[PDB]
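All protein chains of the complex are present and in place, except for one that has been dropped.
Chains: A, B and C, in written order; residue numbering restarts at 1 for each.
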Amino acid sequence: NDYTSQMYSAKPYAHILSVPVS
Amino acid sequence: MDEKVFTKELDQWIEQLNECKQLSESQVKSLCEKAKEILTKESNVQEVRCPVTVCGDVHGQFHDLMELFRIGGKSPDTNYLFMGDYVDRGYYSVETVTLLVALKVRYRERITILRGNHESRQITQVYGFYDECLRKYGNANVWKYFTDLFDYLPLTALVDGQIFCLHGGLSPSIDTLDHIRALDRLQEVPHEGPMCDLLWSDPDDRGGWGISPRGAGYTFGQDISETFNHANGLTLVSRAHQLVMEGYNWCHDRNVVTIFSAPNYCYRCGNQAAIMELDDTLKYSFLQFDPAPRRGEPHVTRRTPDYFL
Amino acid sequence: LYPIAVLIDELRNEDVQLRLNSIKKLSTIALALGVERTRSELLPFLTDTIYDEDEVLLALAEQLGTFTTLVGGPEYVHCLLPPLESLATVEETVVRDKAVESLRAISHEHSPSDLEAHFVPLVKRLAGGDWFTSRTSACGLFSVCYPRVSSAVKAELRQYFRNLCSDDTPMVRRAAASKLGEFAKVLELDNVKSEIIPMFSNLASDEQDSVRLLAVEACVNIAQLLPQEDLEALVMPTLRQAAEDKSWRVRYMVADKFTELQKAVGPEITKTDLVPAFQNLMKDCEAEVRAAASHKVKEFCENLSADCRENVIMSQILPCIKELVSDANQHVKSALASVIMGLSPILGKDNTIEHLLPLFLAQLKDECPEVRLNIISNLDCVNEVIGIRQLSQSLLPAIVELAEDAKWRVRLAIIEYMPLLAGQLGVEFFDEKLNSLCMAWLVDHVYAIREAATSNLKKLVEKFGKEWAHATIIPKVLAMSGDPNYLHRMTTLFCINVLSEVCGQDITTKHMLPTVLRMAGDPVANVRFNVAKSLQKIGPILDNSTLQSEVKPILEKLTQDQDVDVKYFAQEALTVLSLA
Partner (left out) sequence: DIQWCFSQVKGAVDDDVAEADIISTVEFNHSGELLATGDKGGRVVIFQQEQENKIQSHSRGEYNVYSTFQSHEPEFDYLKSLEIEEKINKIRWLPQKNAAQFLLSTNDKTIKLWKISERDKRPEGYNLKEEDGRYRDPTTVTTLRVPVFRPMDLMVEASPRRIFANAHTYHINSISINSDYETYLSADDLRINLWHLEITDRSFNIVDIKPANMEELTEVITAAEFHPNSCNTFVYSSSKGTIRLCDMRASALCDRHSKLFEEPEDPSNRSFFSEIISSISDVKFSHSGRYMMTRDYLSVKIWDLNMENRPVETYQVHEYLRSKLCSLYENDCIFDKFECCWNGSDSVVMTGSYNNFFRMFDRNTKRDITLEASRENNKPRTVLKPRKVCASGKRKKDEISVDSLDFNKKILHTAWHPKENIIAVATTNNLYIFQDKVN
C-alpha cells in the first residue's frame, strides 16, 4: 500500500508535456 | 551631384539585399547617418495619407517579408506602414532591418516605419539581436548604430485623422495626440511610463485594468479604449504586437483591430497572417496568406531522401 | 621575384583563406623555382602537409594532378606519386575522389615500363594496406592501369580484385561492387565468363542490402557485354532473384533501372520474363516502388516487341494502371498521371476512346491539384491523335474548378500553363469560353497573380497576333482603368507597358496613348510617377512628333507636382529620352 494519493506519471518527462510557448 | 551617385548606390544596395547579402560597416554608418538626418524632421505623430497597406510584426522573418512583398505589391508601387518588431528570433533579422531602413532612406515619402517595443538595447541584447550581430559582423558597432537609430522612429501614425496606428496599446496618462506631440522620442523607452504603455500595453476581452505578464505596461479595458475613441473623434484603432491564430482579429466592439504579419511565428505556432489593405474610399479589407515554402532548412522528411535508396 | 617569396610564406600560415589562395597559384611558384627545384625540394613539402581542411586538400589534389608538365614530362611523372598516394588516405570522400581522379588522369602519362615499375606497386600497396580508406581508394584504379601491362601482371591484378571483393568490412565491398562494371568492361570475354560472374553473384547475394543494391547496375553493365546465348545461362537468374528481393531498396533500384535492363537483355527476354516481374513491381507493398514503376510506364511500353506490342499492352499492362489510378498515395497518382498519355499514339483512336478516356476523366476529378496540373500540361499527345473536341467538352470544369480555389500557388500554376492550352486547343473555343478568365485574373487580389496574368497577356498576344488583340483584348482593360482602387489602375498601366512593344505602333498611338495622358492626372501620386515610368518605357516605339506635341508638356507638368518621386522619375525620363 502507499499514501501519495495520485494516478499519474507525467512528472519525470514533464517538458514532453505542453510547455508550449512564451 | 552626390544625390545621383547616392541614389545609384542605394539601388545597388537594395538589389544586393534582395538576394540576402549583407553589407560593410562603412555603408551601414553612412546609411544610419542619412536616416538620422531624414527622421529628425518627422514628429512623433505622423499623418500619412491614404492609400496605404498596413503591416504588422515581422520579427526578423525575412522570407515572410518577401512573401508579403509578393502578396501586397512590390515597393514603392504600394505604400506601406510598418509597426516595428524587426528583431526577436528572426533568422535574418539584420537583413530585414537593413532592408526596411534602406527603403525608408531611399523612399522617405512612400514608406513610413513606426517604433516597436522590442527595439531597445537591453531587449535586443536579451532576445538574440546582439548575438546575431556578433555572429555575423564580428563586433557590436552595427548593433549600437541600429539602437541609436531606433530613437528617431516616430511613436504613432495617423491616416486622414480617423485611422490611428501604433505598435501596442494606449496609456492612462495620455488622452490625445497633443501630449504625443509634446512627448520626446530621443530617449530609451523605460519599463514604466506613458511611452511604455504606448509600446507594451494590450487590450483585453475582460473588463477592468490588468497588468501585462511581460512585466511592463498595464492592460486597458474596453471602457477606456471606447472613451478614447469617441473622445478623439476617430472610427477605429489599428494595433499590432499580439499573436493570433487566424492572422487578424477584431476586438472591443470592432474598435481596436489586431494585425499580425509573420505567418508561422517562431516556426512552430503555425498561425496565419494578413495585411489590412486601405483604399482611397477607406473601405478596409484583409488579405490572408500562408508562409512561403523555403529552402535550406534541415528537413525532417518522412519521404525518403537521396542517400537512403 | 618578390611576389614569389610572398606566396611561399603563405603555404606555411595560420589562415585557411590565405593558404587557399596561395595554393591556388602553385603553377606560378613552380615556374618560378623551375623543374629541377620543384622535383627536388617542393613536392617533399607537399607530401606531408596533411594538417589541413577539406577545400585546401580538394584544390591541392587537382593542382597536383595537373603538374604532369611542370615536373618535366613523361620521365618524372612518377615523382608525383607520394603526395597523391598520401592524399588517397584521408577520410573526406570528396578528397579521396579527387585524388583517385587525378591518379587515373596522370596514369595516361607513364611509359608502360614505368607503369609496371612504379604504378602497379602503388596499386598493390594501396589495395593491401590496413586503413580501409586506402583499399576503398584503390578499388577504382585497376580500370586505367589494366590494358597496358603483361599477362602475369594481369593475373596478379585480377587476384587482387577478387581479394578485394571479398573483404570483411562493408565499405570496401560496396566500393568494389560499384567499379565492378568498369573493371569488367575491359576484361577479355573468356576471362569475363570465367571470373567476373562468380564475384558478381557473390556480391548480388551478399548479407547486406547496401551492397546488393549495386549488383543491379553491375548486371546492366555486364549484360551489355555477353552474347545473347548467355544472358539466360549466366545473368538472368541473378536478375530474377533480385526482382523479388526482401529489402525494398533493391526492388527500387531494379525499378529505377528498368528501361536499360530491357534495352540490354533484348526484347525476347523482356517479353518472356520482365512483364510479369513488372506487374509484380507495380502491385508492390511500398509506396516509392510503385512510384518509380508507374513513372516508368510509357517508355517501357514504347519499346516492346514491334509485332506483339498492342497485344501484350492491352492484355497485361492496362488493368494494373486501372488499379493504380484509384490509389490513396499522392505521389503515385502524381507520377502516373504525368506519363500515362504516351500510350494513346500507340494504342490508336478506337482503343483510346474505349479504355483511356474513362480513366482520363477519372483523373480529371481527383483532389490533389498536382494530378490535374500534370494531366492538363501533358495533353498534346492525345490532342495530336484523337482531336480536342471530345475532351474539351469536359475540360472546362477542370480548368474552372482549378482557377478559383484558395491557395494562390495553384492559380499561378494554371496561369503559367494557360498559354500552352490556348495554343494547343484553338482560338474560337478560347474566345467563346475561356476569355473571361484572363479578365477575371487581371483584377485579382494577390499581386503575384496580377503580374502572372500581365505576362500571360503578352505571351498570348504574341502567340495569336495583334488582330485578335485589338478585337477582344485591350479596350476592356482601358475601360476597367477607372476602378475605385489605385492598384488595379497601376495594373492596367503594367499591361500597357508589357503590351505596347508588340501590339503595333499604330494601334498603340491610336488607342492607348490618350489613356496614358488621362491617367497622368490621377490624384494619388503613385499612379502619376508610374505614368512617368510607363512613358519612359514606351518612348522608343512612339514618334518624336508625338512626343513634342503631347508627351513633352505632360512631362513638364509632372516635373512640378507636390511630391518629389514623380519629379525624380520625370527628370530621368527627360534625360534618357533626350526630351530635356
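Following the convention adopted for this analysis, a contact is a pair of C-beta atoms (placed from the backbone, for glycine too) under 8 Å apart; a residue touches a chain by one contact, two chains touch by 3 or more.
Taking the full assembly into account, the omitted chain touches A, B, C.
Considering the whole complex, the residue from C:66, C:89 or C:392 that touches the absent chain is C:89. Touching residues on chain C toward the chain that is not drawn are 1-2, 4-6, 8-9, 11-12, 32-33, 37, 41-42, 44-45, 48, 51, 89-91, 93, 131-133, 169-171, 208-210, 246-248, 285-288.
Residues of chain A in contact with the chain left out of this view: 1-4, 9-13, 15-18, 21.
Although one chain is not displayed, its contacts with chain B can still be listed: residues 88-89, 127-128, 131, 266-268, 296, 298-302, 304-305, 307-308.
What we mean here is this: only the chains that are shown with their structure count from here on.
Separating the centre of chain B from that of chain C, both taken as means of CA atoms, is a distance of 40 Å. The residues of chain B lying in touch with chain C in their complex are 51, 70-74, 76-79, 107, 109-110, 279-281, 287, 289-290, 303-304, 308-309. By the touch criterion given at the top, residues 213, 249, 252-253, 256, 288, 331, 407, 445-448, 484-487, 490, 524, 526, 530, 563-565 of chain C touch chain B in their complex. In the complex of the two chains, the chain B residues touching chain A come out as 266, 268-269.
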